[PDB]
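Structure incoming, see below.
Moving on, here comes chain A:
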Amino acid sequence: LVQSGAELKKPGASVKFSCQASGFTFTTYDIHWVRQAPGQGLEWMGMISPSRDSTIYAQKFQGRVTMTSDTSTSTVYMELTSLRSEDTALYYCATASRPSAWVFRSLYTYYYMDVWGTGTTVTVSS
Partner candidate 1 sequence: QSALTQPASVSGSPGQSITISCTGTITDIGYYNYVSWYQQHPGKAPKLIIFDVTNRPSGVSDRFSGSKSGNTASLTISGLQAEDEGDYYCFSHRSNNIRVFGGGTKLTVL
Partner candidate 2 sequence: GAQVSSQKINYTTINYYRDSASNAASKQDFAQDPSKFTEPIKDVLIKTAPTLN
């Protein structure tokens, strides 16, 4: 079970996303963030890994975004430090739980995103 927090609007200022999941998937699996402008297609935004307190940001948003975790209540957060008019998009929270058969490096399992949240629209306009 994956929950997405509300829908928002403001120009310019910072916006904080919230995604809460079940305790097992919070303990074991990484959370991926995906955005989609209307009709324009999916854009990957980054990964947060509460199993090992690690995060990766995409190169388009590496200066702007920051991911955190809330270990006592199985919740992850996604904060965009500034907003632009191109950021008017539907945003997705996704959990990677379909394992690849191919061993990643030689020590790890690779997971595809197969559980997707209800999502959050954010619009950036005056």
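Everything that follows uses one rule, which is that a contact is a pair of C-beta atoms (placed from the backbone, for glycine too) under 8 Å apart; a residue touches a chain by one contact, two chains touch by 3 or more; residues count from 1.
On how the list was made: all candidates are chains of the complex that A comes from, given by their letters.
A.B. asks: Among 1 or 2, all from the same complex, single out the one that touches chain A.
C.D. replies: Contact with chain A is made by candidate 1.
A.B. asks: Show which residues of chain A lie in contact with candidate 1 when the two form their complex.
C.D. replies: 32, 34, 41-44, 47, 56, 58-59, 92, 98, 100-102, 104, 110, 112-114, 116-119
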